[PDB]
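In the block that follows, a single chain appears as structure tokens, in the form deposited in one PDB entry.
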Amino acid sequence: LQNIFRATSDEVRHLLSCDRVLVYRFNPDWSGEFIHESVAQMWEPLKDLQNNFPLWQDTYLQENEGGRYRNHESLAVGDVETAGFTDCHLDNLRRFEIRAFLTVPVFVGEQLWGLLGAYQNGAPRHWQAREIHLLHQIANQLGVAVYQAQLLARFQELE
């Protein structure tokens, strides 16, 4: 499953040639965290930045039990500076040098399980429909892989 994440994250990064790809997973209370990353050589890994560069707290998704994702909606942002985010949100994005990004839902069964994010640093992006569609397909495949990893867990407890 780590294998799966690594595999998925590297694929998205190479297919989109973006700076960073992240996998987010929700906890039962809709808190969550980034559990996997694929990142280009030029940037420091997320966990390392988190040990040194503090952020504004962000409980939005938790307070809203998944927000737009829960309704199968995605976020596609060509330019974060132009998007109209709250100041704290934009400040967080800017802390990670994120200038354009995509975030899509990952569903495991009919349950919102997490998110798949793709980030471009330093310059805006004109995202294309096929890039978004491809990310959704990869997110669906990830969801299936997780769903079946679960199924196989349930199987091996039951013997």
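So that the term is clear: the rigid core is the largest set of C-alpha atoms that superpose within 1.5 Å between two forms. Positions refer to the first chain, counted from 1. Compared with the form deposited in another entry:
After superposition on the rigid core, the Cα atom of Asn51 is displaced by 2 Å or more between the two forms.
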Contents of the next structure:
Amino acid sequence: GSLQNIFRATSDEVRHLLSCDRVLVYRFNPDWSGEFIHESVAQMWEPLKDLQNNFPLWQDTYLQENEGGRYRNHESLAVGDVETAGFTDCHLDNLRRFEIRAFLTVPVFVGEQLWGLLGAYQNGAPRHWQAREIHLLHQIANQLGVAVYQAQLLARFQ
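Starting from the form deposited in one PDB entry, produce the coordinates for the form deposited in another entry.
The text that comes after this line covers the one chain and nothing more.
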């Protein structure tokens, strides 16, 4: 619950600061598949989280094959319009499925590890992401990873 509070605080903060439509926290599994573990979403949009607090699966073969991809280097990806990005069909279909028109996705490092990703999404319109927003999100994610690691340090020692 203490972790969910941290995810909720960060995700709502992002959504508030960037005035995006949806924020997602995605956590990598050991095999580099991953799970959504938090969503902040404006009420006008169908939420990804169902009433059991389950999420849908995004089975991203590319992240998994590349063991986190660019995010291993602490890089982000900002895409203003998914429909003009030249993506592979299976990837675009998931973007469409999750009502992602434009996204800014940054890595979450927990100590030395690429623990997950933090995504900010625009749902109804493309969005030209500014350099400052990319830099800000990256900082928010670093802060989130520190919060996560701090919580782990306290939760499991004494």
